[PDB]
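With chain A's structure known, arrange chains B, C and D with the ligands on it following the hints.
There are 4 protein chains.
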Amino acid sequence: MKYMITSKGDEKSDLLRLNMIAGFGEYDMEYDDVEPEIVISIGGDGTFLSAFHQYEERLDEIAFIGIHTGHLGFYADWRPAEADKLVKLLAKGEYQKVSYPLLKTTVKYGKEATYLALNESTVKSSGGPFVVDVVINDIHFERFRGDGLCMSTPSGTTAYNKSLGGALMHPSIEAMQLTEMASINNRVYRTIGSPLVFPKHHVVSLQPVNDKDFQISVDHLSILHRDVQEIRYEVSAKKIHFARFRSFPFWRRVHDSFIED
Amino acid sequence: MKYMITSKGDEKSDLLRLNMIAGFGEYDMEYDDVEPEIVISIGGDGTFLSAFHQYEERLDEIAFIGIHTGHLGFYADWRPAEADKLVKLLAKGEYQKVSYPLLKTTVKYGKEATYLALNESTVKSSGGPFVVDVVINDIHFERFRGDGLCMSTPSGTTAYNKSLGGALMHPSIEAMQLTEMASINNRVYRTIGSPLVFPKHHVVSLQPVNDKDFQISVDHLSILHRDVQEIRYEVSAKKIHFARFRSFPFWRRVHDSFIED
Amino acid sequence: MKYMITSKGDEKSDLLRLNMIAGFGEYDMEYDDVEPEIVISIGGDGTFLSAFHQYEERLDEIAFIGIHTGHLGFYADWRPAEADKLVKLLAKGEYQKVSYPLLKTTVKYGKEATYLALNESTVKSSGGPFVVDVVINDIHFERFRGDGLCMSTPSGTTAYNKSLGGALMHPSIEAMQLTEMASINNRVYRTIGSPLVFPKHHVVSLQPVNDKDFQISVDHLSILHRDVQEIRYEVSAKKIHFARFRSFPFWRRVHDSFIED
Amino acid sequence: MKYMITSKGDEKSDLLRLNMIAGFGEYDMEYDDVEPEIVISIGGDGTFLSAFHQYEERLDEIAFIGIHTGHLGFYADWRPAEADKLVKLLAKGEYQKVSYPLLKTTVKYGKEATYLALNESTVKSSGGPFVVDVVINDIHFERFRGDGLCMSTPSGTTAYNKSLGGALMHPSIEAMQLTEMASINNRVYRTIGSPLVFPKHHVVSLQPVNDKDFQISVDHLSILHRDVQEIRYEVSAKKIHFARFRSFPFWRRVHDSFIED
Ligand SMILES: CCNC(=O)NC[C@H]1O[C@@H](n2c(C#CCOC[C@H]3O[C@@H](n4cnc5c(N)ncnc54)[C@H](O)[C@@H]3O)nc3c(N)ncnc32)[C@H](O)[C@@H]1O
Ligand SMILES: CCNC(=O)NC[C@H]1O[C@@H](n2c(C#CCOC[C@H]3O[C@@H](n4cnc5c(N)ncnc54)[C@H](O)[C@@H]3O)nc3c(N)ncnc32)[C@H](O)[C@@H]1O
Ligand SMILES: CCNC(=O)NC[C@H]1O[C@@H](n2c(C#CCOC[C@H]3O[C@@H](n4cnc5c(N)ncnc54)[C@H](O)[C@@H]3O)nc3c(N)ncnc32)[C@H](O)[C@@H]1O
Ligand SMILES: CCNC(=O)NC[C@H]1O[C@@H](n2c(C#CCOC[C@H]3O[C@@H](n4cnc5c(N)ncnc54)[C@H](O)[C@@H]3O)nc3c(N)ncnc32)[C@H](O)[C@@H]1O
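Protein chains in written order, with the working numbering: chain A, 97 to 357; chain B, 97 to 357; chain C, 97 to 357; chain D, 97 to 357.
Chain A on its own, in the form it takes in the complex:
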């Protein structure tokens, strides 16, 4: 089975990658980073986020596996000491695939750029006040004045969305969550304040009022966009597939990361 391994680049990860490649050499495994079917990420969530975006063109043909050699590693399922057991089970061929929802961002100018997000997509102004009109399913909902907005995937609700006061969403729910970044609320300006959870087929559209330049982020990326007509959020039809070998429930994954471990 075709596979590839990406590494954080530090000593522990590079060496662990070579050992697994040597271990995979003892099975019917072929290293191919062009068309892999198993993508193994050795590092942290940042290394895992990069592996996902490196292969977003074949998310339907790829199952992801995360080994964390770092501090937290929310998307990882493996310690480095358990690596040789992973080589064997992945070679045995039997494991189960679980799928998490993804976010779709479409940006329009005056062409059209689309993006896929595993954690979240956020909007901020390119210096100066950030003002947008929030349109939900072609109905105007509010005018946002603040630092920015964050639209999160389910599995991304434990990341940036959490620090903004958002709720934690189990990834079996196909939804997206929008949170505020320090909105101004007074006699003249009024926002909902609360986070909003949108289901599938619901389209959130941001429309500029004054400045049309915004710094848009997709996970670790941060892009500057000029002459923006509209930013559109939507639950993607594509999903990310994880190869699972034991039971690690999302809520237990939450407990270990934030309560104790």
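These are computed hints drawn from the structure, not numbers from a lab.
Possibly wrong hints are sitting among the right ones.
With a Cα cut of at most 20 Å, we get these calculated DMTMM-like pairs of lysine to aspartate or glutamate [claimed, not checked]: (1) D:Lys108 / D:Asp156; (2) D:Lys296 / C:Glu270; (3) C:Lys296 / D:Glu270; (4) D:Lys193 / D:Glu270; (5) D:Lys308 / D:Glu326; (6) D:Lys335 / D:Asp156; (7) B:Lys296 / A:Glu270; (8) D:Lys181 / D:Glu122; (9) D:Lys188 / D:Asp173; (10) A:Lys296 / B:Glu152; (11) B:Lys200 / B:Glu152; (12) C:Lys204 / C:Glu326.
Same frame as chain A, but now just chains B, C and D with the ligands:
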């Protein structure tokens, strides 16, 4: 078609109820408050909450309609001036039914009491510190020390859940949201803090650690329970059905109630 | 010098109290719990809160010292192993006194009851909705609809006030902080939301609108008051005096309790 | 008495400025924008913030007066229709001066730049993660990982500080308030979360851990600083003086801006 009308009891609502009953007398409508198929609530959300719990035994045979003669009326779809137009359209027979998810609470002693909630169910201690262990799908998640907890339905996320910092959930999502009530967090005590959104088939169980007496609420009700072994939260299989005659999206319903109208 | 020692009542604290009394027998120390000048609390903040209220009539003649045999002990300055060093230094007579501001609560009926608080005073309704008008210096400020309100002292801002989202206030600032308990905010109801920090000589008055029965708390006490005309908050002119033997800054005291130790 | 008038630059403000100058020509008033003793700002808080920073070198010789021709105008005391009454009373010479505390920011490189703030000073990274060690009075308190930090003056607590969850502080209290901007908190990263209120003579120092480039803001200004060794916060010894002609308490000023008017 069998129907009944409940009223807040004030002058405006009682008179509006008599006019509609007289108006329904001009159609093939029969007043029956024992086995109605249409339940019309004239008043506020409190009047509507009471109508729901008055007929929770036949939620599969009943469609609800809300007329608000009060201040907000989140569950209402009608102004009192539009009442005679409602009599006609409901008599015409053609309207569409929409269904919102409900919450199930099961309380255990040492028998078993169950409840259905449209807004939320909350737990507090019967005086003294409130301490419970939070068990999600038979896995211990946290020990909560604070004033209480609130488990909300989707349509109830705009109510008590909102004031506790929870997120607003579109009612097409079959979920329940758990929020905290002033948990203590220090070197010794640690909670997740963030609200939690659970899908269907997920069972949240609260287990006492010290005191076993808790004041449990279901919407406007507030009960004292003694010798409690376990409180269990779960998305109900039963749903509440609304009779809709025009389009009033949940997000527009949110906008009018909190932004402006 | 006259002194007394109060104890949590468990084995470790009672024995530690007897050892110090025997140790104080080797100096010019006299045990007097009627008119002490040094009050030593062995236990936790709850034990310390009780010692303060046990002697609130002579707060100008008394310096307090806290030994924590429990979990956190925010008001304590001593481990039980350091106890015999405390007997010696307190006998040596030289230590410095620091003073923290106190809160004054005045409740009026239709007589007048006053209270002193070290942590906070909170108001809730006696079952049913809690509605009060908030009057700051005889000017109406807002109508509060929610679960309750919390007025905190500086040293009490790390307690209940903190869990409600309040700010942490250094006790050299003579102020009181008012925080909300789950206020309802919509088209009809509007509160400030933010915590409010009032200086000395500023009088916060709560005035009932409907129900006149409220459950008022002062630290660990919780009282039911009937026929309430007014609840009044104010920075007390009396202060609590602490006997300090080494430097333990408030911010370092904050760090150990909430960051790590 | 020497005075000057600054204007937002729009039609209503420029014309109002000319009318007052013509009105002041009927008294012993001399227009001098080099060494004025009365500075009148016609516009909004942004226009008022600019007038303050335009004359921060003579804050001890200057009393400020605000006329708001815009939307909110928190620092203003006058409607444009009341302008001719202001010319007369200011000419009559009798009014009372009130003083608000100011914030001092000192930035160090590897020289030393200082700034005075009326609202707040905030720190963010120059792209990339923002990590600083928070040192209070030479004692390390926490390592902050997030978007940034905001240190506010009392009168500035109703501005940016409020949108970040901070408390509202009466300006008779000589203090500064530090709030967080979306800190990350998990098993590895831990911050206090709560806002912190520091008294006079308390020195908050931010110390870089990785990147030494930060975008520092002072009110409406935003500067990029390179090779930063330390950012230092402190309650200034200088204060801003307001000319007051009637009673407008800070809490009533708060009520009008956020509750209703
Ligand atoms: C700059 C401060 N960030 C970090 O240091 N991140 C790393 C920490 O994030 C943990 N982590 C990541 C991830 C990742 C790496 O990519 C950058 C991501 O950074 C996040 N982010 C941005 N700004 C943030 C902010 N202010 N507060 C909180 N998070 C913020 C955004 O989600 C962005 O996608 N995913 C998750 C996750 N699903 N669940 C739990 N933890 C996660 C990860 O293990 C590590 O601990
Ligand atoms: C005591 C303070 N409550 C109220 O005054 N309620 C009435 C206000 O609630 C509005 N309203 C109700 C409802 C109802 C009546 O029943 C009592 C309900 O009260 C709520 N509640 C309890 N304590 C609360 C608190 N502290 N803050 C906020 N809400 C709290 C609990 O949900 C409990 O079910 N439903 C909703 C709704 N889906 N969406 C939007 N608004 C709603 C309603 O129209 C009215 O404006
Ligand atoms: C019921 C949940 N409480 C507790 O368990 N308290 C004990 C914890 O409080 C710590 N502690 C106490 C104190 C005390 C004992 O008295 C009861 C006090 O309880 C508080 N309280 C009430 N309800 C609360 C809530 N929901 N959340 C948070 N705190 C709440 C109210 O301030 C009330 O005065 N003082 C402080 C303090 N200055 N700073 C830091 N920690 C403190 C103490 O060491 C222990 O850890
Ligand atoms: C970009 C979004 N800002 C605004 O639009 N500001 C204007 C609104 O601020 C009101 N206003 C100002 C001021 C000012 C102008 O200068 C810029 C200031 O902007 C603030 N600011 C920055 N980012 C913010 C954010 N995310 N949320 C909230 N406020 C933020 C920062 O304090 C910075 O000093 N002072 C105050 C004040 N003391 N009290 C009450 N309202 C005030 C003012 O009248 C107007 O309504």
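These are the hints, each one checked on the structure:
1. D:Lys108 / D:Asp156: At roughly 30 Å apart (the allowed maximum being 20 Å), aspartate 156 (chain D) and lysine 108 (chain D) break the hint.
2. D:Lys296 / C:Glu270: Given that 20 Å is the threshold and the Cα spacing comes to 12 Å, the pair holds.
3. C:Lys296 / D:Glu270: The hint holds at about 12 Å.
4. D:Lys193 / D:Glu270: The given pair, whose Cα atoms are some 17 Å apart, holds under the 20 Å limit.
5. D:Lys308 / D:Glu326: Satisfied, since the Cα-Cα distance of roughly 9 Å is no more than 20 Å.
6. D:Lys335 / D:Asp156: holds, 7 Å
7. B:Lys296 / A:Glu270: holds, 12 Å
8. D:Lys181 / D:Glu122: Distance ~13 Å between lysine 181 (chain D) and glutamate 122 (chain D) Cα, so the pair holds.
9. D:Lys188 / D:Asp173: holds, 18 Å
10. A:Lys296 / B:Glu152: Given pair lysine 296 (chain A), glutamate 152 (chain B) is violated - Cα atoms ~30 Å apart, limit 20 Å.
11. B:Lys200 / B:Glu152: This hinted pair holds, its Cα atoms lying about 12 Å apart.
12. C:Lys204 / C:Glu326: Status holds; Cα separation ~5 Å.
In summary, the numbered hints that this structure violates are 1 and 10.
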